[PDB]
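Pasting a structure here, questions to come.
Apart from one protein chain that is not included, each protein chain of the complex appears where it belongs.
Labels for the chains are A and B, by order of writing; each one numbers its residues from 1.
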Amino acid sequence: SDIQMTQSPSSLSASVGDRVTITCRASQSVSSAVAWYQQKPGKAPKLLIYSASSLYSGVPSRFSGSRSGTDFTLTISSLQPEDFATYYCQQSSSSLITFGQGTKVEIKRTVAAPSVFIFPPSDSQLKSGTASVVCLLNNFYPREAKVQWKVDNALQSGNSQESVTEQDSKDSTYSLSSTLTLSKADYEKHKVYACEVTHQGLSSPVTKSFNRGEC
Amino acid sequence: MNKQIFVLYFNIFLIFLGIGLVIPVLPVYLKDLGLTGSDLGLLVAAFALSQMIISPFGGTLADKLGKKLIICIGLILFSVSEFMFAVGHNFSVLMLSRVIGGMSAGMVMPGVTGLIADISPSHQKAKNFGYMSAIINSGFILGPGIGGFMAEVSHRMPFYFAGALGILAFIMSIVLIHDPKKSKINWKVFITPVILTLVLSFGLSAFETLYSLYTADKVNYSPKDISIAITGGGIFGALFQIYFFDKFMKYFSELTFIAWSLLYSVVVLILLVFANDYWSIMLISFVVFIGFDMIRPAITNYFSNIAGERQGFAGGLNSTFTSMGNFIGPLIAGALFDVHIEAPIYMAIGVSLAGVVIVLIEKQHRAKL
Partner (left out) sequence: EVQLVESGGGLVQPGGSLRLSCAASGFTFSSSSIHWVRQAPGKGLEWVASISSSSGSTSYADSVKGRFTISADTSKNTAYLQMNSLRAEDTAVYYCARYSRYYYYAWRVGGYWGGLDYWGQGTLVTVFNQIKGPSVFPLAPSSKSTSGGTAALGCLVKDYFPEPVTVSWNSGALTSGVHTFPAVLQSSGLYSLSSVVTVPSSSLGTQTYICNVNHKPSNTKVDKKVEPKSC
């Protein structure tokens, strides 16, 4: 998610064996053909295509460095389950180097509706000032998912941070968790809490609500 | 020479068809084959090194053994070389194909250059040498051009195809290259060109292979814009390599021609570093390389003149040292390139001025009789 060389799309989903093109617009020094790097989720980045001689672009097959007009493009002919990572441009310069923001190429999969788990705040949390509530969104496909926290038939905003895992190595799956923050005073003023999710695997949004003080 | 030369030039064109053919297909083997990058350094150095080790030997028996046979054996090792480079998936065979590739260029080039120095007449020999260097350059142009053409045609194909011409030139080698007519030893007379060959090819090739990179950042050429500057120097290079024979009719010697060719190239290179706009580096770029495109035949003719016999060996020393220069040169100039862009030009100027120093020493050495 870096800057100074915009490359599109930010994140794309392509299934096994498909053909996908990723590209990055260089600066106004279009020369010294861009090298492309691959970084698996948690290791040192690798190097797919070296920086060619700027005459040899559009090479025959499977990974093409196509020197287009003012921008550089990498086309992946066929995707194994071995080529799912983030890809970075490396445009050189007179002395310095700039890296592209990075497109992550992720496996496609059948749409899978998620499960909704809600955890009321801990009892030992309740006597330490704050009161954090976590709603669990487990077993996704595509990451697109909206969580609308709900208290006393209302909508809350701002006081909710969420995080989403990477692509699962086995099930090719995401999982989300939305954390709501309240202090002691405002938490006890309300009765029930609920998280609702509208995902493309749902016919209707589902709710999982609890009522603290009533088991 | 009615048909003997036209197939002898086909042997030499074929090898540089093979050397250039690797370039647009090398960075697509060694990833789908699964290579790292330390071996890419060895893969592109196995050809040069094995060419360096063999050429002084493979070409000092060619005089004693026979010119025709070592060329024909060179092609059968040339034909088998490109076959293993596109047969299957390994690395020790690619690393051995490159070594075998350096064997073929180690026994053909010194042998054939000796051969077109034995059948060509006393005059117009420089024209044939000028004709050859027009062709080794045309091997360097058509090679990567053909390799990019056979792209969607299963990129192992160019080596099969160049392997096939290894067979085609092989039958023509026994038939058309029928046995030539018939038939100092000290190495001290070979001293002054081989350092001169090394020093220039150290610096000359530093500019050459990095010209597509130097003008890439200084004046920002489009990739369909270098090609005019590359070809324009080639056309004027090719035109002047056929104008090359007339110069020795006018000029007193080859060494005096080397000095003025180097002094001329210095003057143009100084214009090349000062000018930083598009059209005054283009028109200069056409005439930057007249000194370089036309000194390589002058060097080659210099080897073939000093060696009264052993013209296989003399062409061998050229082949080993220019391959040393084309290997050492870009690596050193690659480090110096990143401190500031214009560095390979000062290497081009420096070895050119060094080239003037070396030829002046020989001129007053010959003045000492």
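Everything that follows uses one rule, which is that contacts are C-beta pairs under 8 Å (C-beta built on N, C-alpha and C of every residue); 3 or more make two chains touch, one makes a residue touch a chain.
Only one of B:287, B:332, B:353 or B:356 touches the chain withheld from this view, namely B:332.
Residue in contact with the omitted chain (choice from B:213, B:219 or B:290): B:213. Hidden from this view is one chain, which touches subunit B at 19-20, 22-23, 26-27, 36-42, 44-45, 137, 140-141, 144, 205, 208-213, 230, 233-234, 289, 326-327, 330-332, 334-336, 338-339.
The omitted chain makes contact with subunit A at the following residues, 1-2, 32, 35, 37, 39, 44-45, 47, 49-53, 55-56, 86, 88, 90, 92, 95-102, 117-120, 122-125, 128, 130, 132, 134, 136, 138, 161-165, 175, 177, 179, 181, 208, 210, 215.
In this section, only the chains that are shown with their structure count from here on.
Subunit A and subunit B have Cα centroids lying 52 Å from one another.
Subunit A makes touch with subunit B in their complex at residues 28-32, 47-50, 52-63, 67, 93-95.
Every residue of subunit B that touches subunit A in the complex is listed here, in rising order: 23-25, 27-28, 31-32, 37, 144, 148, 150-152, 155, 212-213, 216-217, 220-223, 226-227, 338-341.
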